[PDB]
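Can you make the complete structure from the sequences, with help from the hints?
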Amino acid sequence: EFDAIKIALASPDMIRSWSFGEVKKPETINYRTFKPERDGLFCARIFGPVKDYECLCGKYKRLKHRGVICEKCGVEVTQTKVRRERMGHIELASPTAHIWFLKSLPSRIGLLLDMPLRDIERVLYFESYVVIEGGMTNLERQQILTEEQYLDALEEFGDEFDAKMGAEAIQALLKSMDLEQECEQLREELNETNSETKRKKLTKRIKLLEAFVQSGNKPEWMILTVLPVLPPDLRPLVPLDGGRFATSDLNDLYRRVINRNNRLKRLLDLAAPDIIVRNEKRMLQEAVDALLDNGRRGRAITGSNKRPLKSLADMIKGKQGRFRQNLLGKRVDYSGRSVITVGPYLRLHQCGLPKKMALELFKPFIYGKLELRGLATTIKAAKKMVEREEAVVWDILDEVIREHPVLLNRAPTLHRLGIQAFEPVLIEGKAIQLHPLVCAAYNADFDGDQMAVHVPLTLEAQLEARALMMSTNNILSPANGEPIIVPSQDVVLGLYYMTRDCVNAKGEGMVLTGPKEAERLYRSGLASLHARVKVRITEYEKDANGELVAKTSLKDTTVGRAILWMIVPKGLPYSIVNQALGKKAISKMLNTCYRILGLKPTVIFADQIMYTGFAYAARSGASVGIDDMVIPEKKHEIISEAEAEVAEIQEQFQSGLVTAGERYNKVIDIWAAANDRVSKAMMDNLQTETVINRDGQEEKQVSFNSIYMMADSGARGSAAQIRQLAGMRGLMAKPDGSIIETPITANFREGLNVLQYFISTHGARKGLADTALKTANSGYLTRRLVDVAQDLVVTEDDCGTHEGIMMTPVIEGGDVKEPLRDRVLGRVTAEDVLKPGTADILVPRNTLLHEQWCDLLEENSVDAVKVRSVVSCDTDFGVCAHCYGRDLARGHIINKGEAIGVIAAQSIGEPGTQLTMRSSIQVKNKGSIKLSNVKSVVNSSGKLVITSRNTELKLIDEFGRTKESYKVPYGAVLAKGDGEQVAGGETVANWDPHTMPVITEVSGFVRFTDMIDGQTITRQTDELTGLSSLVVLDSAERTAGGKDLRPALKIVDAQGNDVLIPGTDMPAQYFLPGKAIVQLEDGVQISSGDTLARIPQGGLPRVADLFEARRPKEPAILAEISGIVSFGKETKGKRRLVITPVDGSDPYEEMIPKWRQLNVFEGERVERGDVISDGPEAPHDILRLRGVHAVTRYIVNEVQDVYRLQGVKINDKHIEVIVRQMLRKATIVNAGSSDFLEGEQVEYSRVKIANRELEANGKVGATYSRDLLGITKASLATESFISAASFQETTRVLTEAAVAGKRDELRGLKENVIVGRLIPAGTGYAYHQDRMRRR
Amino acid sequence: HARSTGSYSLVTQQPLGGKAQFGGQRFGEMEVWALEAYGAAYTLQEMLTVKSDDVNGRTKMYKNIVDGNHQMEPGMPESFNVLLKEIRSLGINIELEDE
RNA sequence: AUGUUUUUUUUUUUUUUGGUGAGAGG
DNA sequence: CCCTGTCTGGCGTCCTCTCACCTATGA
DNA sequence: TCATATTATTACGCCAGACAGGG
Ligand SMILES: [Zn+2]
Ligand SMILES: [Zn+2]
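Heads up: the protein sequence lines correspond to chains D and S, in order.
FYI, our numbering numbers position 1081 of the first sequence as 1081, with every residue one higher than the one before it.
FYI, our numbering numbers position 42 of the second sequence as 1377, with every residue one higher than the one before it.
Read the hints as simulated data drawn from the structure, not as lab findings.
Heads up, the beta-carbon is just placed ideally off N, CA and C, and yes, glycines get one too.
Be careful, since some hints might not be right.
To be verified - One side of the interface only, derived from the structure: several residues of chain S facing chain D at Cβ under 8 Å:
{"#": "1", "residue": "1337"}
{"#": "2", "residue": "1355"}
{"#": "3", "residue": "1367"}
{"#": "4", "residue": "1386"}
{"#": "5", "residue": "1388"}
{"#": "6", "residue": "1391"}
{"#": "7", "residue": "1406"}
{"#": "8", "residue": "1412"}
{"#": "9", "residue": "1428"}
{"#": "10", "residue": "1431"}
{"#": "11", "residue": "1433"}
{"#": "12", "residue": "1434"}
What the hints assert, rightly or not - Straight-line distance between alpha carbons at most 20 Å, and here's what the computed EDC-like set of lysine to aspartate or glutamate pairs gives:
{"#": "13", "chain 1": "D", "residue 1": "666", "chain 2": "D", "residue 2": "684"}
{"#": "14", "chain 1": "S", "residue 1": "1398", "chain 2": "D", "residue 2": "241"}
{"#": "15", "chain 1": "S", "residue 1": "1354", "chain 2": "D", "residue 2": "241"}
This is the structure in structure tokens:
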């Protein structure tokens, strides 16, 4: 029907072509009758007749002459909705410049006429004059004029002289502004200057000057001359219940503009003096500016009472504009809403739906069914039948329900599992019965929740509800590989009570010929549900190629494990039920069933799990009592020993032996120790309290205490909650953030007294305030993420590359945190992984790594896999099917089409609620040493010291994989060496961080080069020791006579000649920095490893500051080019740093703020990506210095650290694709033979297809540079202005798109959700393939 | 509460809100993102064009349902043409291009 | 075998096809 | 002229339910 | 009833982005 939406400026001829009549009078309506005004705002001739095909006043009351317009009516003759499309125009007496092009920041008329905003407004509000082609006088064109400047000029240049003001003058300036001429000038000005600031100031002005010439937008279209009025139907005038009309705000705005315009026409008729018509035109200017965007000028106008009234731009922008309130989200027919309840008899593809809601939602299907049978005739009869609800429409209703799915939806839908399609089962009742397992997907408890039902009307929507959105199809969460139909709380208690054991019961050690008579012995009353027993089970192992082989054997098991074996499908082994089955074990039971036997046995087995869990939890009778919370007998003596310890510490505090901070630290330490001891006392007293004999002496076992099974099963409860119900509830913290030294020694079974409950209320009010304010940032994070993603659709099958990121296991310094099988599960390898022995093709180079491949990776102990990542995908406008990976909720690769940006953005932002808002190296294991980034030297004693700061100390095992990693500073005492074998727990590293070592490479004698006591260094003989040290001063304390003196130590031989560095001809002089203290004095012979000086010195907003890419306040500074380094100017704002490369060109430098403790010396050579100071590091520096793969590893590690600290499983594909959407823009460095500009920022796919269709020719391409935009700056900088207008500020984006003449080739998800068509991702990707093919 | 078809608002062609007004469910923004997350392109297309806003689409759909033909004739939403007239009522010339 | 053998007004028209603000649940 | 406080604008969660209250003037 | 047309409170918290000031 139509391609792209084009936006441009509105010419006065274009506004007269939209229009149907000039709106003169401001008179709205008659108000005493019902008729409007002829001819006012709500006219007849200008727009249309209120009534359909009627002259409002009187003629044509039938259907013959539609169109005639008599003189007595001055009325058109069409439809009732004809006025909604027709718009009027107000002939503004005095020109008024647009507020969107005068105050957009930056203003469109501000950087175009080369005039400051302040000066532009002055003249615009009749407060300053502006010259326009004066003539032969001493005045510029842009230069303004004041009353005094004009008065004198008026008497001076009375002849050829022009100096107007207001929009009129402004219009002229714009009108008489040769665009083309300015281009060359600006272009020549940019090529004839070197000023950095000017360059950017000139490139931003020429960009908007050449863009205006590229389109059909004129400079004189900025000023509004023929103001357009919105259709009445769109500014509706309805009365509320009563006798008055509740009028809209736009009618106030238009009525004021028309009142003022009529006054201004009458004053220009009457020839009023100058100051009267200046105030009149100024009031018209402010009235127009208030109509368009109210409140952007000084304080907004108001009708009733002090609240400002809502203008047109406030009908567009904001949370309640048209995008976010009526075009992205709509209210919807065939929909319903009610309170949910359980109904556990359901199968997990069906839900209960009440009869009253079912007869209301399915009224047209029932009408169609009733008309088909022949029971009635006309539609009315059917509506009377279902209004009466006779006895025959319920069979009609059960025949329209049967195979027709519905979309259930819980009201805060965060990820895609919050809309699932069921089949209805009709309910006597008024509450939606919802299958319990599905509740863990919706985050739906049953404490008063409500859900909405939606009906797929058409046939393609019924098939999408059955084939994509059915609840049997969503059994794996799309964020990872974990099953989302995990059995939640009652059913794991029923299983944990069923499959367990006790050392004596009915039927101990009897033998049973099958699981059927195991259940028969449980039901008849001859054995117990947990009584250990040899049974004969027949497990089917499918060891052949798709053939199930029976093996039958006698397992020593219990009765309950055989009864649960009657429900397990064929292929799973018996050892999946042989254990005790908590919650992690039943989750991996369903996961192994899904990986082996597929989907249909896993659906039917999930239902049979839920049924048998509910049934035996009912048979269990697992209550909770007051006696179940067993108080430790050792608890009171532990509290008295802690009270004796705080008594000892305070008796030392009365005598002043210890400090106050050490007292507070000792009290918090002994109460933490006593808390841990009380928790261990109660945990022994709960986990093994049952001690029952069997045929003789006693024997112990794990307890059948009720609260212990609710904790050990993982149903509801943890260690901390069961700790607070029996042991002491810790040391609660006051809202100051610091802890309180007197704990809450009473649990909940004993009574809390008053003060302890008040401290508890501190600790809990902080948590409720944190959740109720955290949810806003979590939701706004999901919004920013799905609007930066929004476009990215799997659109190929292979990009045809060999690049991809290097997935290693991540190791922080403790034990290996996340194994390689968690990171390289289901992601397609980049090049073929060599087997760790020698040069073998273990896996090929384009294989998906599912579980079988990952097990053959874990057997061979594969180091790290080079795997394909989304950020390395070469596909223009989308992601190919291999560089994404596995489907994640489907076992296979991602299909051609499935929108991965939206599921990724939801999977990152959905755990936003669970996240929070507000010496030396000791080895642990026993293995082999390896060093990386190492340049070292052996000292005199033997410990290998390091001459490199950035050395990584890895502990490699005997197999080949890397198990530990650490960072060792410059100059540390390593107890070990390279390639060595150590023992578990042996200290291998040592240093002093408070004393920066200035250790050497060679030996010799020490001379004090440029070290003079009195100006350079100072004499501070030590007080308490006597062994003095010449203390080196810094460059700020010494005066300007000797500030140029750099103290240093250079090593010589026994004669005095300079001992050179081994490898060069340069001596090894070390320039001493500020605040140093000389350790080894003059004449002392040195060696390696000996110092030459003493140098003394996060949750959810972290996720936001990583995706939005803020800078930290003190970033780590780096080096943009390798080579030698040196210092510069002495403290003029900053302290300089000059880097001269060995082979490369010199002139790069950087002025470091000198408040940082540096890392580099003067004789040190640096590299790109090498640190100069320490602290956090901004991602833009990673991108422009190290590489794209470096910054994507930086973001995925720095945000999986937050998601792992709070314990959420998210696969890394989602963070890699939001990282792709961050660094999608690029900047040009060398324009080459293309049509770009020098420092123009252009999107990367554009410049790549440009120089890839030019490089296929003879011409060599253009060399770009990638840039990393934060997610809101990157979604507002898009080549599709509806995508950047449905999101944040619409004023800025619509003026930028209007003055650029931008066009929206739709081509994404939200443009097609706005404009009302098929999404180009899902089922509609075939439709968009067809439409893109047929052009 | 449930709604098949009844009265709507004035300015927009979408259904009213509430229970005291016999109105339908606001199919909000995150539900649209959840349908985009699946492949529900046709479910979303009737969810924002036929069931909600487009007047010719919904009258043709009601007659198509009661004839026994589950098929939608979509058209363009009315609130987007309301957007075009509110943007166009500024000094902005927003259009709809070639066939 | 036979019937101009008690005439007088005891009268012709349908149906038609709406913002603002406050509070609660999750 | 390159850092720099300082000022100005622009964000800040979805869905639902109940109730009340709505410009002054004026010969 | 039918045209006439706008004044005497302050009490967010970042976080970019643009601007006059000065070593
Ligand atoms: Zn007429
Ligand atoms: Zn690719």
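>> Would the hint on residue 1386 of chain S be counted as holding, given a Cβ-Cβ threshold of 8 Å to chain D?
In response: 5 Å, holds
> Can the hint on residue 1388 of chain S be confirmed by a CB-to-CB distance to chain D that is less than 8 Å?
Replying inline: 6 Å, holds
> Taking the least C-beta to C-beta distance, is residue 1428 of chain S closer than 8 Å to chain D?
Replying inline: Interface hint status for residue 1428 of chain S: holds (4 Å vs cutoff 8 Å).
> Is the shortest C-beta separation between residue 1434 of chain S and chain D less than 8 Å?
Replying inline: 7 Å, holds
> Given the hint that residue 666 of chain D pairs with residue 684 of chain D, does the C-alpha gap stay at or below 20 Å?
Replying inline: The hint is violated at about 27 Å.
> Per the CB criterion, is residue 1367 of chain S less than 8 Å away from chain D?
Replying inline: At 6 Å from the nearest chain D Cβ, residue 1367 of chain S passes the 8 Å test, so the hint holds.
>> Run the distance test for residue 1398 of chain S versus residue 241 of chain D: straight-line Cα separation, threshold 20 Å.
In response: 34 Å, violated
> Does the nearest C-beta of chain D fall within a distance shorter than 8 Å of the C-beta of residue 1412 of chain S?
Replying inline: Holds: closest Cβ of chain D sits about 4 Å from residue 1412 of chain S, inside 8 Å.
>> Quick check on the hint: residue 1406 of chain S CB to chain D CB, less than 8 Å?
In response: 6 Å, holds
> Against chain D, with CB atoms and a cut of 8 Å, does the hint on residue 1433 of chain S hold up?
Replying inline: It holds, given that the least Cβ distance between residue 1433 of chain S and chain D is near 6 Å, below 8 Å.
>> Please check whether residue 1337 of chain S passes as an interface residue: C-beta within 8 Å of a C-beta belonging to chain D.
In response: 4 Å, holds
>> Tell me if the interface restraint on residue 1391 of chain S is satisfied: Cβ within less than 8 Å of some Cβ in chain D.
In response: Check failed: Cβ of residue 1391 of chain S comes no nearer than 11 Å to chain D, outside 8 Å.
Of the numbered hints given earlier, the model fails hints 2, 6, 13, 14; all others are met.
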